[PDB]
Structure formats: C-alpha cells, structure tokens
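It is the complex with one fewer protein chain than it really has, and the rest are unchanged in position.
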Amino acid sequence: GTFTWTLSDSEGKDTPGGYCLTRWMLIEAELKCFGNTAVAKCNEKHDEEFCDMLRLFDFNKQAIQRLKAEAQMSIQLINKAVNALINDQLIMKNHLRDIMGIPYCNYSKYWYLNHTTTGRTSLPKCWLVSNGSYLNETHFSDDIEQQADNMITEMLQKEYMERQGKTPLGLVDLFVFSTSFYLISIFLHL
Amino acid sequence: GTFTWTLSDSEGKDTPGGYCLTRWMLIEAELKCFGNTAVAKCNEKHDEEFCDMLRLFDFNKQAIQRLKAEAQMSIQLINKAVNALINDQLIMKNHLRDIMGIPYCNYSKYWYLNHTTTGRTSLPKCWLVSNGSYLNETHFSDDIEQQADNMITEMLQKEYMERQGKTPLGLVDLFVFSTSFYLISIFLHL
Amino acid sequence: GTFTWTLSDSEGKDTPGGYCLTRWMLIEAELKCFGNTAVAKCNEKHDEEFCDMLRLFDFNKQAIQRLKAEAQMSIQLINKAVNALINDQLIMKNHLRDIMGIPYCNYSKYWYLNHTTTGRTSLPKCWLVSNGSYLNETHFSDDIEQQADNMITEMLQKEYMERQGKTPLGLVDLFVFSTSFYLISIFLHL
Amino acid sequence: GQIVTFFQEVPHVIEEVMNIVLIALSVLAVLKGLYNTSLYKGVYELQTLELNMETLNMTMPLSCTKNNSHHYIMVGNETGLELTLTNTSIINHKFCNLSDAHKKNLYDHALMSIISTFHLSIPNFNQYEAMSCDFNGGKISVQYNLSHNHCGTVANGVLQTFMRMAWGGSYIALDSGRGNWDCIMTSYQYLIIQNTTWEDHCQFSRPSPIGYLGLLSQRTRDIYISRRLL
Amino acid sequence: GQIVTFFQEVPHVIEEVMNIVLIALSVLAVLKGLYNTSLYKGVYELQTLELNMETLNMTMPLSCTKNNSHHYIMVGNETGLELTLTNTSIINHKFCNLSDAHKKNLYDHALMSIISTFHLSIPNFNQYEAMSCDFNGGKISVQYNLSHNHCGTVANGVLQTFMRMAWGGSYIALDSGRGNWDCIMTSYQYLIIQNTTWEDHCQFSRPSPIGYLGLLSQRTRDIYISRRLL
Amino acid sequence: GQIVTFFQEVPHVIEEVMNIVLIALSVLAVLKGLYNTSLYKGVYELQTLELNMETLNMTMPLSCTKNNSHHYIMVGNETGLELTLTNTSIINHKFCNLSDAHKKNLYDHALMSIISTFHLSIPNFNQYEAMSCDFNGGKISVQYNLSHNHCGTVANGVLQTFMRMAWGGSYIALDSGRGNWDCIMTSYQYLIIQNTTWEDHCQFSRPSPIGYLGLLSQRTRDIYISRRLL
Amino acid sequence: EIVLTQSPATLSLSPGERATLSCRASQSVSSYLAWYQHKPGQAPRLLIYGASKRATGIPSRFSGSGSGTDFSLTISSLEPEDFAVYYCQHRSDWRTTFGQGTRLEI
Amino acid sequence: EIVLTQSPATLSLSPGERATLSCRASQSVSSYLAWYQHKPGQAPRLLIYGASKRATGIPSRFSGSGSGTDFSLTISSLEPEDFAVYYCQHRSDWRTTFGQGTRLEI
Amino acid sequence: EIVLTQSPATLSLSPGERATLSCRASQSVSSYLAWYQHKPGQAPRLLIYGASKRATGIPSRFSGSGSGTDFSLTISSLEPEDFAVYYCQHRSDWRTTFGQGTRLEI
Amino acid sequence: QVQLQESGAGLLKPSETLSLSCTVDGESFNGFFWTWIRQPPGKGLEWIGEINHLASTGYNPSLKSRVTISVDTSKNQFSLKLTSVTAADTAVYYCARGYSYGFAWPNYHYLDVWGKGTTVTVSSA
Amino acid sequence: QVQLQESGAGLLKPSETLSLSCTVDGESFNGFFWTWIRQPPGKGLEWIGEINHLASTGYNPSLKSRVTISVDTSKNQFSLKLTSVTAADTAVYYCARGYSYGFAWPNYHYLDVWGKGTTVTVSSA
Partner (left out) sequence: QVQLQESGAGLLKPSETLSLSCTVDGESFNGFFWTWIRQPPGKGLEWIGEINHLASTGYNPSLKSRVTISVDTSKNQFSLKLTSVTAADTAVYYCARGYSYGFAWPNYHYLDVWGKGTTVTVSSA
C-alpha cells in the first residue's frame, strides 16, 4: 500500500499549515518550523526521507499524547502502523545504494535552503553519506543549485495558480476583446 | 505496491468519463452519477476512502459480469485482488484514529457538495464517526467550506489549463508584441 | 510501499534527462532514447508497465556494473529489491484482466508516437494481447489518438508552465496597468 | 464560450481587486469604442450517500455486529462464522486437530481461510493451550480462552484481532478495562467462532468487508518463531 | 523563441476561435502600425519496440513456454527448472523429505527458493499426500498430483500458482474445463518440477521475469494453519 | 499586491528577454500617459538539521553501533538486545528450546518479537544446527554459528540480516572478505544476541529505528519450506 | 471451587406467612444462582434463575434477590403446595454445585 | 485396474490374406494400446504403439486403429514370417497389463 | 586440535642473564598464547596474555612476542625469584590446551 | 414441549457398571448441557456431570475416575456409565437439560427440563 | 543402438530367491521405466514390475509381497528379486526398456528394447 498518516496541526503561527520540529526532536535543541508549501509536498511524494521521518515523529507525539503511555513499549503498535507512516522501499533504496557503493541516506542529517530575508525554506533533503562520512558540500552543490532554481520557479508559478483560482478566464477574454475594440475604434478617428 | 484497478465505463451520459453508483449500490435505491473531474482524482489520490470503495464495487460488478458466478465464494479471488483495489494503509489510518479517540471513517457514509444549478459535484468524503455516532455537521463545517472553496478555484483553474492546451504561448506573445507596436506607432501621429 | 528506484543518467545527448534503451535491451536491436518529458512521468505514475520495465532494466545494468557479478545468481538480491523497482499490483492488474477475458499487457511489446520532424516521443504504452495474439491497431486507435492529443496539449501547457517560472505575475500586472493608463490618457487628447 | 462561464460565477469573484479593475477597464474601453437545506457559498448544497455493502456479498466476506456479544462474518448468502464473546465455554479439552481436519477435507474452504487469517493475525500468540478446536464432520468450532500488565497476554492479542476482524461494531464489547498503549481488556472469558447459516444479523452495524480486507495484510506480521526451520 | 514554436504548430490550432481572433488582431495591429506507416494527427508516426528480457538473466529468473506441456524457469545461463504438465508420473511414493534435503545442503539454493515460493503461493493447500518429492544428491524433483466442486481442490490451487509462475504461454494448457469464478481445470493428472540445464526452450512465449516477481507477493497469503504455534 | 512581490525578485528575472520587453513597454506607456555561510543564488543560505531519533524510544526500537564488535537495539529506557560479533561462543550445545520458552512465557514479549523478526528475515536459512539458544528464566540468548562460494552459506544470510538490523555502523564489521553480488563475509565465527539493560552505547552511530522498520517487510520473504503443510 | 451453604436447615411456617431462604457462596459467584423446589416422588422443579427471574408456570409469589455471595428466595404468602425442600444451585465453567438444601414444613 | 481381452483366441489364415485382431479393454483406456509380435526362441517385438504408429523396422503392412475400449491390429497382406503370437498391452499409471494373446497360424 | 610444544625442556641460567622460552603450535593459533609461572606449593601465576601483554603485578622484565605458530617469552634480566616452571597455554573454542612446560633453574 | 425419556436397569450388585441413558424429545440438542444428577437416600442433590453436543464433558471430582458420560447426536441421546458401583451409589438418578447464559452480566444457569428419574440400588440380595 | 544384457542363475530349488540383473548400454537411463516381464510355459506375457531412475517402482499385485526391483544408476543396471519361489514361478524372464508419453492425447506406452530372456525353472532335481 501507500502511506496515509496526516501531520498534526502545526504549533507555529509563522507556518499555519506547516510543521514544527521542537527542540526535543533536534540534536541542537531548538524549534524549526517549515511552511505549508514544503510540508504539502510530503502529502504526495514517495521518495522523500524527511517526509517519512516527519510522519514517524508526528505519530510518536500523537501516540504518547492520546494513549496511556508507559515504560513497557507496545511492539504491536508500531509493527502495525509502520507502513501507514513510511515507505519501506525508501529504506530499501538507501540499502541498495549502500551495498552498491553509491552515496546513500542514513536518515540523520538534512539540508535545506533558507531565504535570508523572507525566511522561506525548501523541503529538507537527506545529507548523503559514503565511506563512513558525510558528503562534502561541493560534491552535491549541483543538487543544491537545482533546489534554489526550483525555489524561484515554483514561487513564481504559485502566484499564477492562485491567480487562476480567483480571476475567471472569461474576464481576461473580455478585457482583451474590449482593448481590441478600443484599439480598432481609435483608428477611425485618425 | 499501489492500487491499479481502472474503473469501468460510466453508466451515465451526463458524466462521460465519470462513474455511476446504481440504485443497488446505495442504501436509498436510486442512481447517483459523478463527473470526470471528481472521478479522475481517484486515479492518483492515496487517501480517499470513496475511491477505494468505487474500485471495490467496480471489481465486484466486473467479476460477476465476466466470470461464471456462483453462490460458493472464491475467497482466493478477492484475497489476491484486494491490494490492486484498495490501500490497506487507509484502513490502517482509520483504525489508528479509532484507537486514539480521533474521529474516523467507517466507510458507510459520505458527503459531497452539489451545485444547485449546474449539478457538478465534489468528490464524496467520508462522514466521520466518534463515540458511536456520526459527527454533527457543525463539527466539520470548516472541511465543507474548504471543499466549496476548492470547487471554485479548481473550476477556474481548469478553464486556464484547457486554454493553455489550445492557444500557443507564442501566439499570446505575438499579440502582445503587435499591440505594443500599434501603441508605439499611434504616439508618433499625435 | 511504493517504488523508489531512480533511473541512472542517460546515454544520449539528445535526451539529457531521458533514458536510452541500448542495442541489447531491444529485440530488433537498435538504440532508442526517450526524452526527459516522457521519462519524468515514470517518477510519479503507478500504472505504466513501461516505467516498471525501465526500472528493472536499469537495476540489472547497475547491479552488473557495481557488484562483482557471477554466473551464480543471487536470487536474494532481486527478491529484496523487487518492490523498490516495480508495482506488483500492476502485474496483478494484468493478471486479473487476463482471467476476465479483458485484453492485457504481457510486458513484451510497446507502442509510442514519434514526431516525424522534431523526434519527440510519447511514453511507450504496452501493446495489449488477447486470445493469444496482439490487438490489431484498429482495436485501440482511440487510445493512440488520445495520446497524440495529449502530446500536443502537454507541449503547449509546458510552454506556459516554464514561462510562469521566469516571468513574475506582478510584471504582467504592471504591464496591463501601464497599457490601461496609456489607453486612458490617449482618450483625453482626442 | 468562457464569457458565459464568467457570467454565471459573478457573485464569488467580485471581492478581488484585480477582477474589479479588469471589469472597469473593459467597460471604459467599450464605452470609448462606442464614442469613437445546507447551502455553502450560496450555491453548493451539502448532500450525502450511504453505500450498500451487502451487494458485495458474492465476492468478499461481510462482517457486522448484532449486539455486544454476537458478531458475524458472512460469506455469500448461505454460510458464515458467528463470533461470540462469552463467559460460557463450549469446549473443555486442549486439542486442536488441524492436521486431521485438513486430511479429512470436509470443512468449507472459505471459512477455513478466514479462521487461518484470524489466527495468523494475532500478535505474539504463545500459549497453544489457550486455543481449542473441534472440526469433526467438517464443522468449524474454535475457542480462545481469554482468562489470565494486560499487554503481554493472549487475551489482548486475540481481542486486537477480533476488533479488527469485526471492525465497526466491535468497540461496544471492548475498551471496558482501559489499558496501556493500544491494549484491550474485556470482562469476557472466551471468544468462540462457529460456522453458521446466513441470516440478517446486522442490527448494530452495517455489513462491511473492511475488517477482513484490512486483516489480510496483518497475516504473519507478529507471529513468534517456534522452531529454527519454519 | 516561442514565436517559432507557434509557427511550427500552426495546423493544429486554427479551429480555436480565440487563436483566430488573436491572429486577426495581431495582423490588424501590425498593419495599422505600418500605416502610421501509421500517421496520427498528420504528424505523429506510430512506432513500436519489444524488450529483450533475456538480458536480465544474470539477476532474475526468466520463465517461458515451449508448448502446452513443457515450460521453464531459467536461472542464469547454466540452470533452471523444467515444469511439465503430464499424465505420466515419475514418483510413486508419498514422501517429501525436505528436512533431510536441508540438512544435506546439496541443492541449488536459488532453485530451492523458487520451489519454496511456488509451494507457499498455492491457495488453500490441505492434502499433503498430493505432493511428492525427491532431493537425493541435491537434485530437485517435485510432483503435484492433480487427480480428484473444482474450486476446492488441490488441482485448482496448484494450477493457479502454475499459471502465474509460467505467465505467458501457460494459458494454452489451461482452462480447458472452464470453471466457476477464477478456478482452473485441465486434463493433466500431474505437475512435475525438475531441475534442468540451460537451453533455449522459449518457442511459444518470450522469456520473462514477470510471473516470478508477481508471485513473490503471493507467498503465504493463502496458506492454512496446521498447528497453533507456527 | 503582486507588484511588490515582483519588485522583490528583480535581480533574478532581468536575464529573460520577455521580462525586459515588458518592463520597457510599461515604462514607455507610463511616460506617454504622463505626457498626456553558504549562499546560493545570492539569497539562499544553506542550512542543516539533525534529527534526535532518541525521542522515539517510547514507541519503537532504536539500533546503534558501539564499535566493530558490539551493536545494540534498545526498547524503551530499560531493556534491549546486545548483538556481538565474536570468535568466543558462549553456547556449546545444539538446542534451541523455543516451544518450552513459549510455554513458560517468562521472556520480554518485545524482545522475543525482535528475535523472531531477525530470524524470519534471514534468507535461505537451512542448517538448524547453526543456531543455538538459551531461554531459561526468561532471558534471551541466541547464538548463530558463522563457520563454514560464500553466497550459499548460513554466514552470508545471517550477516545480511545483521547488517540491515544494525544499519548504520554495521559496515565497519562487514565486507572484510568481499563477495560476489551482495554477499557478505567477515572474520567472525559467531553472532550472539543477548538481552541487556539500558545504557548509552551509541559511540559509533546515532540511534535509529530505520533498520528494524525496514526488516519488518523482510519477514518470511526468503524462508524455505520444511514441510508440505507448514 | 464455589460452594453453597443454605440457611437455615428447616423452617416451620404457617400458610400465609413469609418464607425467606438464604444461600451463601464461599466466594463471589461466577453466575447468579438458581432455585429449585422438590417434593418426594417427583423431579425437582426450576423456580428461579438469574437470582430474580421466574421460570415458566411459576406463580408470582416466588421471588428472588441477591448478588456477590448472598442470595435469597422469598415466598410472599406460601400456599399449602409450597411446602417442599428447596435447593440453590451455582455453575462455574463446567462445574455445577448444589446447596445442601432447606426444608419448609408446616 | 484395466484388463485386456483379445479376440479371437486363435486365427487360421493363408499368406496374402487380411489379418484382423481385436483387443477390448474393461474400461476407457488410460493410454492407447500397443501391439507386440512374439515367436518361440526370441523376445517379443514391438509392432505398433499409440494404437496406430509403426515402430522402427516394422513393415508398412502392419497397421492399427481404435479408441475408447476397442482397438484392432491389421495385417493387410500377411507374409509367411507374420505367423506368431500377438499381444496387446496397456499401461495405467505404474501398472502395466497384457492381453491374453492371439495365436496367428497358417 | 591445537597442541603446544615448548622449547627447551630445561634452561640453566645465572641471575641477571636473559631467559628465552619458545612455544610452537601444531597449526596457526586460534588465539594468542598465555604464559604462566608455577612454583611448588602454590598455584600458577598468569604472566603474559595475548602473547605480549603483562598481567597485573607482573614486572616489566617479563615480555612476550610471536604470532602464527611461534611464540616466545622473554625475561630480560632474571632475578632469583624467576626460577620456576613456565607453561604456555592456548584455547580454541571450548578446548584449552597446555604446553608440557619448561624448567627454568640456576 | 420437551420430554427426557430415561432408561436403564436399576437393579445391580456391587462392582457392576450402572448404565443409564436419556433420550430428548423436543427442541434442539445443541446449545444445552445435558446433565446427570443424583439424590442419595437421606441426602441432597448431587451433580454427577454434564456433556454438550460437541462431546465436551464436566464431571464431579469425587466421581471422575469412575464416571463416563457420552452422547449420540443421531437419536439425541446421552448416557451415563458408573463403574465399580458400591453401596454409596444407591440413589435416584435424574437426567436434565441445562442452559447457561454467559453473554451478559448477570450470567445465569439453570436446569429447566428434568427426566422422571430412575431408582438405583446396589446390594448382595 | 541399445542392448539390455541379463545375468543371473536360472537353476533354482523351491523356497530359494531368484536374483536377475539387467545392464543397459545405449542411450539415457532416465526417462524410461525399466521393466521385468515373464512368460510361464503354456501362458502369455506377464508384467512383473518396473522401476525408473528415481527408484520409484510399480509391481504386479499378485506378486507384490515377494517381488523387489532395484536400480544402480552408477553402472546403469536394474535388478529383480523374487523370494520363496515355487513351481508357479518357472518362466522365461525378460528385462525391457519402457517409454511412456503422457504430455498430449492420445497418451501411449511401449516396451521397445528387450533383453534376450533367461529361462528359470524350480524343481527338486
């Protein structure tokens, strides 16, 4: 099947439809909030490790909150829930990359781009490991560059999509026809 | 894996690419047809209960029609076709919501929006249950409102997409350039 | 879960982000490259047999390249990697179509449309079989016509989508406002 | 074409400033050329449908709940399994002669399939004495002894499987003794599964294939190893 | 840039009224400024390709059909399994000494894996006497006795598995007696699986990995319980 | 509204010719109307985060590696399994009394679940003598004998499972003797799995649930048949 | 094992009086007790079950009550045909036990 | 078990005459019969198999036919060396049975 | 089975001289050898393990070396307290073997 | 209307085997616990045992070693065998139909239909 | 070109055990049913039994208790043992190569290569 877990409501007013990783969830303990745009990609992507980890952490939070937690773990719970939370074939993809000597994700570390002024962030991507160490940035800078490109284009494209859900195309056609009529009429006077 | 069952040809001329639930498929015995727009979402969504049920009912219909049916059930057949028909992790999602005290889908009842004049409908969404009863409408009216919003925006956006598949962008560029040339030329006369 | 294997870099300059089937991968053995547009569909579709075969062949290639291959097969390797490569429910869909007497894909033969001048191609689709023979082209000509229409409409819409990632909507609004201001001002003179 | 589509949706798109500007500019250009029960968004009624799952009877099992104690999984219009939570045991021996039952091959194959799926779905089953059976004459009678933290008990695992198999209707018999994590406790001492003939038992919940279909993926997920060569 | 692309695709965009209006208005504005073997959509040729699955031989099994009776699943370029539908049995005892075979560890591990997958994929197998085997010296010989509703029979489950495993070319031997639902009946009394050396047997169907890969998910999905502690 | 947004990204959209044309035409129309540490794209800073998997301890096991020889899977803050690759065996008999362990029901159910998942995930395990156990008193002690083509050996299958289970930090102990295909060889004669109490052992790799979660889907995928009715 | 002691052994009551019989269980009962009436020369007759429910053909004057370990059978106004020996009975899973019995005589 | 009864017990024919021998099975055959010729002092020789197929070195004058329960062997123009004892044989799974034999003499 | 032969049987040395003892294994060792010192009237004392590592309380003059099949124990400058019998010891899995011993005397 | 016909010899000598049988006429055989009870002279009711349509049985522990109860669902009958009878086994023997309700609290059980009864005496005369 | 060479003593006394062996030279040993047939004096052909390369066997019922057929694939031979031979076992004994075709209808079977035959007589002289 396919993962189905929906992320719980965000604890950040800066990202109303996003998701916030609390200080506990992060190695350098501090809050990190991601916007609705990056988080919405987790709804449909099948090969993003960060999204599977977001679902895992959210499930942990909700299970502790809503169930009577205890020191003795219910093995059965995660055993029956795992495939609704993560794509085990993504783990398999990284395993196969590892045995083939290809750089792979071990799910610890993630990189993302942060707009210096607006604070808009891309969806974090796994920092690949190979031969016992993380890749040096220069080894995947191309990937980073591509992400930056997407950050621009998507943003621009988003402006159009929201516009196309508010301004009817018939209205644009009417404006074009009216402008053409005016341009035809002004020629007769001269 | 992922579901792959394609819905059979629609029973309604009002919805050429849609799908019709017959009077037998519904508790109040009467036909209900859904359009190509709502039904096409079932082709790609992974978290819509109504789409899995449409696939189940369609498979039941086709199996009865195309195989030599009998009162003795071949449990093997459904046992091997189930994951081609539905996402079992959606069942798991609802089970986990149930055990956590969150409203969940028990797959009986669905709600959709119907335009009073045009008759276009949204994709039915599961009417959630909690504490042994269906949720009161006021408890999920926000969801309903969101659906209404989508019904507008998507419709508008649809008009653009079809327009962008028929009118080349080069033609729009040429029209803009011609209008600009005319506006520049008319300045010299005045 | 869901397939995750990403195709290796292409062996063709004509398709920088595409994929090339080499001489050995094909029966009438000549090289065939497919562009980034068709190949990118394999990243998200769930019911395209050709994409699953591409992933299978690419995995075979990479396994031979990066592992110490031998005449003795490690059936373990494919047994664990299979669901990262293909959707076994697509196999099941074709099996169910076969047992119901519906034309089905046996994964040998595929058809695609090739532009006689530009050389752009659609994503190959399986040539269905029924009663021991391939379907005659006249039996699925509607699908071919739909594919040609999709090629045209998708090309135009893609032009628009790349335009919207480079030209801000605010600039279009400014151009519209400036043109309207000029058209208002010229009326005063006359 | 698109002009009429814009004309019908006039009330919604008024509030946007760009649309107002476009309308005003179009009007000015035309003038100068002449010179030279539950309604949403006003137009969306909320409607409902309920699926008749009974129509699926010929191709998949349908489970439903009659009352707190009695639940059913019907297979077709002829046969099914009655699942009863009860204080009253009907088997008082420790046998479950599955191999002999298979050898005789008198049972209903679909019903044996459902029994197998149920038992294989139980998490961490490790007390074989807790399960007793009678299969003589092709009948199916299975009895789970739920008598005894409640998480690591046969009662909990059996009840989790039962809750999924008879989903949508099971909860009334369950969660009485609240437990840690997802664990279930009830006041019943036994869960009994016996074959039965078809009847409309679905007083408390609608028949539904959901529980069984969901349970199919659970098979063997949480069984323990009992020997080195399975 | 986009002007040239539009110029190339002229023949397909005349019929739209908006395009005609845009072209006419552009021409008017320019003038006023100057004053002051299978072809689709006329341009798309239908072309085909056929995959050479043989090139996958080093990493996955490939199944193909020689004729009605003989089918093969090859593993690499040296070994494989010959599957024969036949009326002539070669084993006339009721033994299948799997544990001794494992203890001796002389067989080809990939072939034993394929045998295990086939057997574990049979639905509702419940007559152990119907399966006989010989593994002496590391050989693999397995004989399913298909002799005898047809749905609840060993023959049907074995044939369903065979149909999937040798998918493509299986059908010619199959469904001679058309059964209820998805059930299969043939006139053959035995299905025999024996190891063999590599040869090009694929006269009737192209070699393909599809059947095996698909069967991987069927393993254990429809096995019956034979004891309480698996 | 969108005008300011366009004003924001002016450095990134100048290069396009259409944007330059639009800007020039807008300026002309306005004038004629008046007459009557890592930085990308100059604006995007590269930033990192690292997940603290330890916070998951209450709901899923966490594996980590201390050094080449010692690896751990922790269940909660109180218990876990220590997996040691070692030349020093601690069991010198051929027993693995699993059924007695189940009957006594003294072990930790989560730990037995993990042990079962590990053993059921091994591919092609066919030498029952290679695995010895001690479960007396509810403890868990499991010893896999790795002594002996390396692909068709117990050592390879056990090591593949171990590498997945302790994924991250497993590689240091593994692939010393490079093998064909995905096959693993080491210089260690034994893999020993014993229960242990909680301690922070994760010196070489961070704790993670990934290996165990991945292995859950591997269960029973490559087991051999040992009898006809399983 | 749950055992039952009936109280008292014998009662001497005139017709029209109120008859009260007690049954005490050694521990909390597995199921509510049954009460039987029995006369010489015939089989015992089920009077009350579930500790408060009258069986078929039992006059309304026969009543029951109780829970836990204490149960009681009541005859509001006892007719001459009500004089017999009365037993309480309990059942745990696959084990039935009887009270030692109580004799009602004129 | 399937048994074979041959007809007739003996045949008296002249060289150049047509010889017809019948074999009747007690039930529909599991597989088509085969026919052997046997002379004193040597092993039986396979003449026909599949009820109609000539074996190696068998002259074309030997033919066969039949199905179900009835099978027949035909010698169109019998040569002097064709005088021998003829057997029909059948095989069901792991069980081979012979006809009682028919004697062909001058 | 891995056996150990020590060389020589007896060593005659003066105090302050260098003592060298050899232990040869019949095959490459499964585990680096241990060296013990033993005097009459008391238990053996662990001197060296891992073929080169001193135990607690062992003077620095005690050294060891070797690999494969050849191992040696060295006493750089021997005190009168070093005169005893010295044993090499090996262990394969669940099998411990001792060398026959060397007598170090004045 | 349900009757429980009772049959079996009541005259025995010590160390013989008492063999009583009870046939049920009326309503179903399943879902009930067919029960054997006895009353010794000058003594209260004593539960001997019970059996259901699946042949599952329960016995009085003081009589287990000597008591066997069986069923025959062909003619809806059930039987009691007591081996090595002594003077302590002289009693009136009743077969009865038991019903146990364990689906909701309060659970209950009763014996609603009783057989006529058989006097059984063992003696040397 | 295939030969089957038969060896074994033909002179026996009653209650002894007949041991015959047949060695095949020519073509494969597998895929065939190696067969023992006998003709008693004044009687027809009689199937004794058969064995294939997997040691699976089939025997005539009237002789099952006394007949054993075995194989040696190392030297391509197969053997017949008949225990407690009486006067009814005097006969000429043939080994033969049998081939069964069961892949398509009509199925067929035949014995195409025969050994020379060994006379076996049992008597008191």
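By written order: A, B, C, D, E, F, G, H, I, J and K. Residues from 1 in each chain.
Here, a contact is a pair of C-beta atoms (placed from the backbone, for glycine too) under 8 Å apart; a residue touches a chain by one contact, two chains touch by 3 or more.
Engineer: Using the definition of touch stated at the top, determine which of I:22, I:31, I:63 or I:74 touches the missing chain.
Structural biologist: I:31
Engineer: If the hidden chain were put back, which of F:77, F:88 or F:149 would touch it?
Structural biologist: Checking the options F:77, F:88 or F:149, the one contacting the hidden chain is F:88.
Engineer: Suppose we count only contacts with the excluded chain; which residues of chain F make the list?
Structural biologist: 68-70, 84-88, 90-93, 134, 141, 187, 189-190
Engineer: Spell out the interface residues on chain I facing the chain that's missing from view.
Structural biologist: 30-32, 34, 36, 38, 42-46, 49-51, 53, 55, 67, 85, 87, 89-91, 94-101
Quick note on the criterion: only the chains that are shown with their structure count from here on.
Engineer: Going by the touch criterion at the top, tell me which pair is linked by more C-beta contacts: D-J or A-E.
Structural biologist: Looking at D-J and A-E side by side, D-J shows more C-beta contacts.
Engineer: If you average the Cα atoms of chain F and of chain J to get two centres, how far apart are those centres in Å?
Structural biologist: Once rounded, the distance between the two centres reads 64 Å.
Engineer: Based only on mean CA positions, could you tell me how far chain A sits from chain J in angstrom?
Structural biologist: A distance of 74 Å separates the two centres.
Engineer: List, in ascending order, every residue of chain D touching at least 2 other chains.
Structural biologist: Correct list: 1-2, 5, 9, 13, 18, 25, 29, 32, 36, 87-88, 92, 99, 102, 109, 113, 124, 126, 128, 151, 182, 189, 216-217, 220-224, 226, 229-230.
Engineer: Which residues belonging to chain G are in contact with no fewer than two other chains?
Structural biologist: 30-31, 94
Engineer: Can you identify all of the chain pairs that touch?
Structural biologist: Result of the pairwise touch check is A-B, A-C, A-D, A-E, A-F, B-C, B-D, B-E, B-F, C-D, C-E, C-F, D-E, D-F, D-G, D-J, E-F, E-H, E-K, F-I, G-J, H-K.
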